[PDB]
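Whenever a hint applies, use it, and build me the whole structure from the sequences.
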Amino acid sequence: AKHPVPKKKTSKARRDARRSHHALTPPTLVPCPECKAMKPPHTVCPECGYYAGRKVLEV
Amino acid sequence: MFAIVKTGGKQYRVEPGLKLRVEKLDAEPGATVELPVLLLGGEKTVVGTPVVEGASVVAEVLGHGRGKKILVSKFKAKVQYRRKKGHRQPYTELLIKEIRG
Amino acid sequence: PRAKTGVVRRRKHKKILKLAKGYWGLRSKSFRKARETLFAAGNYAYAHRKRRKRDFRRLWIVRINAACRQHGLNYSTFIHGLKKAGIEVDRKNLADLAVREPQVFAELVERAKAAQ
Amino acid sequence: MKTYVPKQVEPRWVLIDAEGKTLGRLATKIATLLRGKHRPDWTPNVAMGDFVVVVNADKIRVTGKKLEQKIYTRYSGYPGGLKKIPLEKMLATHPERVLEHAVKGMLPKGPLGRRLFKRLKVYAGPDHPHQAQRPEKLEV
Amino acid sequence: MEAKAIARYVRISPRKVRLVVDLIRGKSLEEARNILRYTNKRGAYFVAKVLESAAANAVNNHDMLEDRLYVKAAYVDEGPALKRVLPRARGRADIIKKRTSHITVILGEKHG
Amino acid sequence: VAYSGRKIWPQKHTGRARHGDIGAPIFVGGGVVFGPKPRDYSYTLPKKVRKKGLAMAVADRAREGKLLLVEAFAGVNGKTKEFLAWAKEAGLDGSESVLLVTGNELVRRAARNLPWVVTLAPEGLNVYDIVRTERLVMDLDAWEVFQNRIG
RNA sequence: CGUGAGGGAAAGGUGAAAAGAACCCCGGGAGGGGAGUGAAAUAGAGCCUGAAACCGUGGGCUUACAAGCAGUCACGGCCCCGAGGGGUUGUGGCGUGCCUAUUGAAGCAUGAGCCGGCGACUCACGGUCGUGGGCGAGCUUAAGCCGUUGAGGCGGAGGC
RNA sequence: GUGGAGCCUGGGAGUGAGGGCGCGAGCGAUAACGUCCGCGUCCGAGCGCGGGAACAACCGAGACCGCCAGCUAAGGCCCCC
RNA sequence: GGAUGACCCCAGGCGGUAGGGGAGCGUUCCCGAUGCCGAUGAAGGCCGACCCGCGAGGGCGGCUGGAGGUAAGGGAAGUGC
Ligand SMILES: [Mg+2]
Ligand SMILES: [Mg+2]
Ligand SMILES: [Mg+2]
Ligand SMILES: [Mg+2]
Ligand SMILES: [Mg+2]
Ligand SMILES: [Mg+2]
Ligand SMILES: [Mg+2]
Ligand SMILES: [Mg+2]
Ligand SMILES: [Mg+2]
Ligand SMILES: [Mg+2]
Ligand SMILES: [Mg+2]
Ligand SMILES: [Mg+2]
Ligand SMILES: [Mg+2]
Ligand SMILES: [Mg+2]
Ligand SMILES: [Mg+2]
Ligand SMILES: [Mg+2]
Ligand SMILES: [Mg+2]
Ligand SMILES: [Mg+2]
Ligand SMILES: [Mg+2]
Ligand SMILES: [Mg+2]
Ligand SMILES: [Mg+2]
Ligand SMILES: [Mg+2]
Ligand SMILES: [Mg+2]
Ligand SMILES: [Mg+2]
Ligand SMILES: [Mg+2]
Ligand SMILES: [Mg+2]
Ligand SMILES: [Mg+2]
Ligand SMILES: [Mg+2]
Ligand SMILES: [Mg+2]
Ligand SMILES: [Mg+2]
Ligand SMILES: [Mg+2]
Ligand SMILES: [Mg+2]
Ligand SMILES: [Mg+2]
Ligand SMILES: [Mg+2]
Ligand SMILES: [Mg+2]
Ligand SMILES: [Mg+2]
Ligand SMILES: [Mg+2]
Ligand SMILES: [Mg+2]
Ligand SMILES: [Mg+2]
Ligand SMILES: [Mg+2]
Ligand SMILES: [Mg+2]
Ligand SMILES: [Mg+2]
Ligand SMILES: [Mg+2]
Ligand SMILES: [Mg+2]
Ligand SMILES: [Mg+2]
Ligand SMILES: [Mg+2]
Ligand SMILES: [Mg+2]
Ligand SMILES: [Mg+2]
Ligand SMILES: [Mg+2]
Ligand SMILES: [Mg+2]
Ligand SMILES: [Mg+2]
Ligand SMILES: [Mg+2]
Ligand SMILES: [Mg+2]
Ligand SMILES: [Mg+2]
Ligand SMILES: [Mg+2]
Ligand SMILES: [Mg+2]
Ligand SMILES: [Mg+2]
Ligand SMILES: [Mg+2]
Ligand SMILES: [Mg+2]
Ligand SMILES: [Mg+2]
Ligand SMILES: [Mg+2]
Ligand SMILES: [Mg+2]
Ligand SMILES: [Mg+2]
Ligand SMILES: [Mg+2]
Ligand SMILES: [Mg+2]
Ligand SMILES: [Mg+2]
Ligand SMILES: [Mg+2]
Ligand SMILES: [Mg+2]
Ligand SMILES: [Mg+2]
Ligand SMILES: [Mg+2]
Ligand SMILES: [Mg+2]
Ligand SMILES: [Mg+2]
Ligand SMILES: [Mg+2]
Ligand SMILES: [Mg+2]
Ligand SMILES: [Mg+2]
Ligand SMILES: [Mg+2]
Ligand SMILES: [Mg+2]
Ligand SMILES: [Mg+2]
Ligand SMILES: [Mg+2]
Ligand SMILES: [Mg+2]
Ligand SMILES: [Mg+2]
Ligand SMILES: [Mg+2]
Ligand SMILES: [Mg+2]
Ligand SMILES: [Mg+2]
Ligand SMILES: [Mg+2]
Ligand SMILES: [Mg+2]
Ligand SMILES: [Mg+2]
Ligand SMILES: [Mg+2]
Ligand SMILES: [Mg+2]
Ligand SMILES: [Mg+2]
Ligand SMILES: [Mg+2]
Ligand SMILES: [Mg+2]
Ligand SMILES: [Mg+2]
Ligand SMILES: [Mg+2]
Ligand SMILES: [Mg+2]
Ligand SMILES: [Mg+2]
Ligand SMILES: [Mg+2]
Ligand SMILES: [Mg+2]
Ligand SMILES: [Mg+2]
Ligand SMILES: [Mg+2]
Ligand SMILES: [Mg+2]
Ligand SMILES: [Mg+2]
Ligand SMILES: [Mg+2]
Ligand SMILES: [Mg+2]
Ligand SMILES: [Mg+2]
Ligand SMILES: [Mg+2]
Ligand SMILES: [Mg+2]
Ligand SMILES: [Mg+2]
Ligand SMILES: [Mg+2]
Ligand SMILES: [Mg+2]
Ligand SMILES: [Mg+2]
Ligand SMILES: [Mg+2]
Ligand SMILES: [Mg+2]
Ligand SMILES: [Mg+2]
Ligand SMILES: [Mg+2]
Ligand SMILES: [Mg+2]
Ligand SMILES: [Mg+2]
Ligand SMILES: [Mg+2]
Ligand SMILES: [Mg+2]
Ligand SMILES: [Mg+2]
Ligand SMILES: [Mg+2]
Ligand SMILES: [Mg+2]
Ligand SMILES: [Mg+2]
Ligand SMILES: [Mg+2]
Ligand SMILES: [Mg+2]
Ligand SMILES: [Mg+2]
Ligand SMILES: [Mg+2]
Ligand SMILES: [Mg+2]
Ligand SMILES: [Mg+2]
Ligand SMILES: [Mg+2]
Ligand SMILES: [Mg+2]
Ligand SMILES: [Mg+2]
Ligand SMILES: [Mg+2]
Ligand SMILES: [Mg+2]
Ligand SMILES: [Mg+2]
Ligand SMILES: [Mg+2]
Ligand SMILES: [Mg+2]
Ligand SMILES: [Mg+2]
Ligand SMILES: [Mg+2]
Ligand SMILES: [Mg+2]
Ligand SMILES: [Mg+2]
Ligand SMILES: [Mg+2]
Ligand SMILES: [Mg+2]
Ligand SMILES: [Mg+2]
Ligand SMILES: [Mg+2]
Ligand SMILES: [Mg+2]
Ligand SMILES: [Mg+2]
Ligand SMILES: [Mg+2]
Ligand SMILES: [Mg+2]
Ligand SMILES: [Mg+2]
Ligand SMILES: [Mg+2]
Ligand SMILES: [Mg+2]
Ligand SMILES: [Mg+2]
Ligand SMILES: [Mg+2]
Ligand SMILES: [Mg+2]
Ligand SMILES: [Mg+2]
Ligand SMILES: [Mg+2]
Ligand SMILES: [Mg+2]
Ligand SMILES: [Mg+2]
Ligand SMILES: [Mg+2]
Ligand SMILES: [Mg+2]
Ligand SMILES: [Mg+2]
Ligand SMILES: [Mg+2]
Ligand SMILES: [Mg+2]
Ligand SMILES: [Mg+2]
Ligand SMILES: [Mg+2]
Ligand SMILES: [Mg+2]
Ligand SMILES: [Mg+2]
Ligand SMILES: [Mg+2]
Ligand SMILES: [Mg+2]
Ligand SMILES: [Zn+2]
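Protein chains in written order, with the deposited numbering: chain 15, 2 to 60; chain 1V, 1 to 101; chain 1U, 2 to 117; chain 1N, 1 to 140; chain 1W, 1 to 112; chain 1F, 57 to 207.
To be clear, the hints were calculated from the coordinates, so they are not data collected in a lab.
Computed list of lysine-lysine pairs in DSSO-like fashion (alpha-carbon distance at most 27 angstroms, straight line):
| id | chain 1 | residue 1 | chain 2 | residue 2 |
| --- | --- | --- | --- | --- |
| 1 | 1W | 27 | 1W | 16 |
| 2 | 1U | 30 | 1V | 78 |
| 3 | 1W | 97 | 15 | 9 |
| 4 | 1U | 93 | 1V | 19 |
| 5 | 1U | 15 | 1V | 74 |
| 6 | 1W | 110 | 15 | 37 |
| 7 | 15 | 13 | 1U | 30 |
Put into C-alpha cells, the structure is as follows:
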C-alpha cells in the first residue's frame, strides 16, 4: 500500500449530500392495551408489566 | 400611426405619447426638436428613400442624464495587468409629441 | 511612528466579497476565490458586451429571412433590393416590422423586387 | 424599443410524405421546421417549431452505393463493443430509424434540441396515428 | 406566546445530538416525549431534559397549557471544543476535539 | 531581539518550510525590518536665510498693520489683571492672538497665562511664533535688538 | 523541553458603582426560565466593542434526461420593493482558475485547505545628477560657548 | 518626407535562456517540434478579437469606453451554424 | 481661441511583459488645535438598489456601538498582502 489520501477537500455540498441517508427513523410504538401508554410492540410493557393480557413483571 | 426615426446613429419606432432614451442631444431641456423620418405606417404607409421629405417627428426633451454605471474591467493573466474603469453613458430623454405626416 | 494594517485590508476584502455575491461555494465566501472569479467575470462582460451586438443582429437576420421567404425570395436578395431601392431602414427595425406590421413589411418586399 | 419576443403560441402540426425523397435533403428541412426558423418570430431559447409527422420512411431513397456502404455505428462501452450496421439492414429492421438518426444529427446539441427531436414523429408505411391532431400536408 | 430552554456546554458532539433533536421538531409535546423515551441514542437523554425544562417554563412562567404544547422550534449550536491529545505511533501526537453542544428547544401552543 | 541563534528545525526533509532562528523578521515576535532607530532631525539652515526670515515675518505683520510698538507698559507689574487693563487699553481684547515680546520679565509674567498670548524675550524672536500669532506687540528695547539681528 | 550547558511560551478590558442577580420554577448537577439590579444584561462574570473562515435554524427562488474554471450576455417564470429596481434561475449564446517560472501552462510544471492578523527596497555618512530657495567672486561654518526650556544666537578653526 | 522622426549633453533602467514561420546556406541522412548562421516576420509582451473543428507564433486584423445601428477582411452561405 | 489651468471649439494619439516617467488615493503620527465635531452619540462594526470620483476611494442614510475623533493647508513614515 502507498497511503491513499484525498485529492480535494470535500465541498460543503458534497459532504451534506453524503448525509442524505443519515436521518433517524422515529421508534415504532403502539399503545399498551392495558394502560394506554406507548411502547415498542412485542415487548413487555415497561409501564404496567403487562404482555399478552397478563401481568408478567413488576414495574 | 407609427413612425421610424433616426437619431444618434440608431433607429427607433416612435408613437406619440412615448418616452424615449436616445444618445445625448445638444438641446436645452423643455425645448422641442424635429427628428428625421425613415418610414411612416399604420393608416397610410410611406417608405422613405432613404428619408421622407415632408415628414418629421416632433419630440419634447424631458431632460439629460447619465446611465447607470457599468464596470468595464480588464484582466490579463500571468502578467499583472489589471484595469478597472467606470463608465456612465450620457443620454437624453425625449417625449414624442406628434407625427407630422 | 507605526502604521499597522488596522482597518484597511478588511475593507478592501469586503468590497470584493460584496461584488461576488451570488457565486457558488467559496467563490462568494472566500476573498481569494471571489477575486479569481471576478477577474473572469470582468473579461466575460467586456467580451459579451461586444458580442451582444452580434448576437442580436444574427437573430434579426434570421427573422427577416423568415418573412422574406413567405414572399418568395431570400434574405440575400431582399437586402440587395433594399440597397438598390436606397432604403436604409436597419435590421433591428426590419425585424420588428416583419412581425408587428406584416403589410408594411410586404410593401418593403415589393420595393425590394422592383429595385432589381 | 427592445426586440419582440413571442409568448407561447399553439404549435402547428405538419405531415410529410417521405417517399422517393433524398435522405439528407429531406432531413435539413425537417430540422428547420423543428427549430421554427420558418417563423418570423423565431426565438432560439424556446421550443416554438412545428410538430413534424413523416410517413413512408422505409421508402426513403439514397444515392451512390450507400445502401451497402453507409455504416451506422453503436458503442456499448464494453471491450469489442463497436457494432457496425449497414444501411441495407437498418431499413430492413428498423427503417424509421434512418430518417430519425439523420434528422437528429442536424438538430442542435443540448436540452432544447434534444426536446425538439421529440417533436419528430416518424413512421414507416403510409399510415400515422395522429389523425386527432389533423396535420397539414406539406410539399417539400 | 413561546417558552424556551437552553442547555449550554453539553459535553456531546453537535452532529450527534442534532440527529435526535431533528426527530422531535414540530411534534406535540406528548409525541416528542414518547419518541425521546424510546430513541436508542445518548443524545436522547439530553434532548429530553431540555424539552421538559422548556415545557416546565411554559406551564410555570408563561401561562401556557401542557395539553397545548408542541415543539415549535429546536436546534443545536456548537460550543467551545475540548482539545485533548491522542498519542500515535512513531512519536507523533494527534489532537482530538471533544466537542460541545448548546441545545435549544422552543415551545408554542396549538390552539384547537 | 532576545531569542537564540539556533536553527529551529533541520534544513530539509521535515515537510515544513525552511527557517533559521525565531528572531527572523518573518516570524511573529521576531525583529523588525528597517524600523526606526534614534535619530537627529536637526540641520543647519543658512544663517542668512533665518535672518531674512525674521525680517520677512515682521514685515508681513507690519504690512497688515497688525504690528504694534509700545514705549512702556503702564501699570503692569506682574499681575495678570494688570496686563489685561493695559491690553484692553491698547486695543487688545483677546479676540486676536498676540505674541508679546519684551525684556521686562515682570510684563511677561503678567501676560504669559493668557490663552491668546505667547511671550518672548527679544533674543527669542523667531518666525514660527510670529506666524502663529495674529498680532505682534513689541517693547522698543526689543524692537531695537530686532533691528540689530537683521542688520 | 533538555542528562546538561541551554532553550523558552501563552495569558490584559463586566459596570459610573457589584448594585456580581434574594426568592420561585425544570434539572443529580451544568445549564436555563421568571423575578430583581442597571442608562444598557446578545454589559451576567465562558462579561467593552465582537470582523472573517466555520457550524446551524427559519423564510423566498430553484434543482432528480442532466456534461461543469461554475461565470458572463439575452429572454422568460416566480418572490420582493413601489414605464423602475432587488433576489432567484429555466432555456439559448460565449467561455482552458490565480501565482510563479518559462521559447511556450488550463495545463498531467511551482506554490497555495479556508479565514484573520505579522510579513520584504530603510537609515547614516559620502558621492553624482536633477530640482526648490538663500547669498554670489564668493559661499558656508564644526566642535564648542551663551541663551531657551519645543526661542534662538554666537563661534571663521576649517571646507568648497 | 513635421514624424511618439532625427541629432547633442546628461539622469534611470531592463536585456545579454528566445521561439515558430518564410526565403538563402552550413551541419545532419535532399531525418527531427533537429542544430548553427543570414534577411524578414510574428509570438515573446497581442494566451485580446474573426478564420483555420479544437491549437503562442498559418490567414484576417493592432482591442480608450459605450450603443438591441451601418460597411467589410480572412473564411464562408444544405442542417448543426 | 482666453490670454496663462477659467472653459469652449477643431484635430490626432491612447494592445502591452522587463522597464522609464507622471498624477493621485488611503493608513499612523506632528503643526493648524487653550480651537472645532461629540451622549440630540466619537472610533470601530453590519447594511445600502442612493450621491461624487476613470479608479484607489470620498459622502449620505439605517442598524450596531458607547468616548472618543479631528478640517482647509503643510510636515514626517514601522504606510496598503
Ligand atoms: Mg502492499
Ligand atoms: Mg506499496
Ligand atoms: Mg492502499
Ligand atoms: Mg505491508
Ligand atoms: Mg492510508
Ligand atoms: Mg491526493
Ligand atoms: Mg466544510
Ligand atoms: Mg448546509
Ligand atoms: Mg460525498
Ligand atoms: Mg427496539
Ligand atoms: Mg409505576
Ligand atoms: Mg444618425
Ligand atoms: Mg406609450
Ligand atoms: Mg450619449
Ligand atoms: Mg442611450
Ligand atoms: Mg494573456
Ligand atoms: Mg487565461
Ligand atoms: Mg494564471
Ligand atoms: Mg508570458
Ligand atoms: Mg494579472
Ligand atoms: Mg494589523
Ligand atoms: Mg486586500
Ligand atoms: Mg483589516
Ligand atoms: Mg468593515
Ligand atoms: Mg476600501
Ligand atoms: Mg447565485
Ligand atoms: Mg445574474
Ligand atoms: Mg457559499
Ligand atoms: Mg455551498
Ligand atoms: Mg462562509
Ligand atoms: Mg475586478
Ligand atoms: Mg466590450
Ligand atoms: Mg468578445
Ligand atoms: Mg455588424
Ligand atoms: Mg461588429
Ligand atoms: Mg445567437
Ligand atoms: Mg426561395
Ligand atoms: Mg448591402
Ligand atoms: Mg442595410
Ligand atoms: Mg421550408
Ligand atoms: Mg444518397
Ligand atoms: Mg422497433
Ligand atoms: Mg454550439
Ligand atoms: Mg432510534
Ligand atoms: Mg410540568
Ligand atoms: Mg519523529
Ligand atoms: Mg483537524
Ligand atoms: Mg481534531
Ligand atoms: Mg539574542
Ligand atoms: Mg534569551
Ligand atoms: Mg547566534
Ligand atoms: Mg550557530
Ligand atoms: Mg545557537
Ligand atoms: Mg505538505
Ligand atoms: Mg501545511
Ligand atoms: Mg529548516
Ligand atoms: Mg528564520
Ligand atoms: Mg535570533
Ligand atoms: Mg511576544
Ligand atoms: Mg518584538
Ligand atoms: Mg518582543
Ligand atoms: Mg516589521
Ligand atoms: Mg532589515
Ligand atoms: Mg532603517
Ligand atoms: Mg541622537
Ligand atoms: Mg536628510
Ligand atoms: Mg546638525
Ligand atoms: Mg499662555
Ligand atoms: Mg503656556
Ligand atoms: Mg495659539
Ligand atoms: Mg505657546
Ligand atoms: Mg537533548
Ligand atoms: Mg527537566
Ligand atoms: Mg536551543
Ligand atoms: Mg511565540
Ligand atoms: Mg470597566
Ligand atoms: Mg473597572
Ligand atoms: Mg434541586
Ligand atoms: Mg426540584
Ligand atoms: Mg449522585
Ligand atoms: Mg443556577
Ligand atoms: Mg429553563
Ligand atoms: Mg437565571
Ligand atoms: Mg427596571
Ligand atoms: Mg440615553
Ligand atoms: Mg448588541
Ligand atoms: Mg454592551
Ligand atoms: Mg462579549
Ligand atoms: Mg468601555
Ligand atoms: Mg460570541
Ligand atoms: Mg459571524
Ligand atoms: Mg435552508
Ligand atoms: Mg435521452
Ligand atoms: Mg426535468
Ligand atoms: Mg433575468
Ligand atoms: Mg425583474
Ligand atoms: Mg449559460
Ligand atoms: Mg490555450
Ligand atoms: Mg490575483
Ligand atoms: Mg521553474
Ligand atoms: Mg522549466
Ligand atoms: Mg524549457
Ligand atoms: Mg485543468
Ligand atoms: Mg497546478
Ligand atoms: Mg489538474
Ligand atoms: Mg522547477
Ligand atoms: Mg508560486
Ligand atoms: Mg496544512
Ligand atoms: Mg473554507
Ligand atoms: Mg531606494
Ligand atoms: Mg542640492
Ligand atoms: Mg544664503
Ligand atoms: Mg556667515
Ligand atoms: Mg572636503
Ligand atoms: Mg517611440
Ligand atoms: Mg524610439
Ligand atoms: Mg539616454
Ligand atoms: Mg528612475
Ligand atoms: Mg527607480
Ligand atoms: Mg542580464
Ligand atoms: Mg551570458
Ligand atoms: Mg546567448
Ligand atoms: Mg538557449
Ligand atoms: Mg542559441
Ligand atoms: Mg512560397
Ligand atoms: Mg533552411
Ligand atoms: Mg551542409
Ligand atoms: Mg529517404
Ligand atoms: Mg529550433
Ligand atoms: Mg526544419
Ligand atoms: Mg533544416
Ligand atoms: Mg527569427
Ligand atoms: Mg520572458
Ligand atoms: Mg494570436
Ligand atoms: Mg508586436
Ligand atoms: Mg478559431
Ligand atoms: Mg485564434
Ligand atoms: Mg469554428
Ligand atoms: Mg476558442
Ligand atoms: Mg493556434
Ligand atoms: Mg504549432
Ligand atoms: Mg453587408
Ligand atoms: Mg471573400
Ligand atoms: Mg463549414
Ligand atoms: Mg460559393
Ligand atoms: Mg450537431
Ligand atoms: Mg443558416
Ligand atoms: Mg479624442
Ligand atoms: Mg489603437
Ligand atoms: Mg497604455
Ligand atoms: Mg525578463
Ligand atoms: Mg509625465
Ligand atoms: Mg491604506
Ligand atoms: Mg498621502
Ligand atoms: Mg493638543
Ligand atoms: Mg483635544
Ligand atoms: Mg456641541
Ligand atoms: Mg446618554
Ligand atoms: Mg444611536
Ligand atoms: Mg485612530
Ligand atoms: Mg463607501
Ligand atoms: Mg445603544
Ligand atoms: Mg457609527
Ligand atoms: Mg478622555
Ligand atoms: Mg478617523
Ligand atoms: Mg489631524
Ligand atoms: Mg491636509
Ligand atoms: Mg507647517
Ligand atoms: Mg519619523
Ligand atoms: Mg514594513
Ligand atoms: Zn401497560
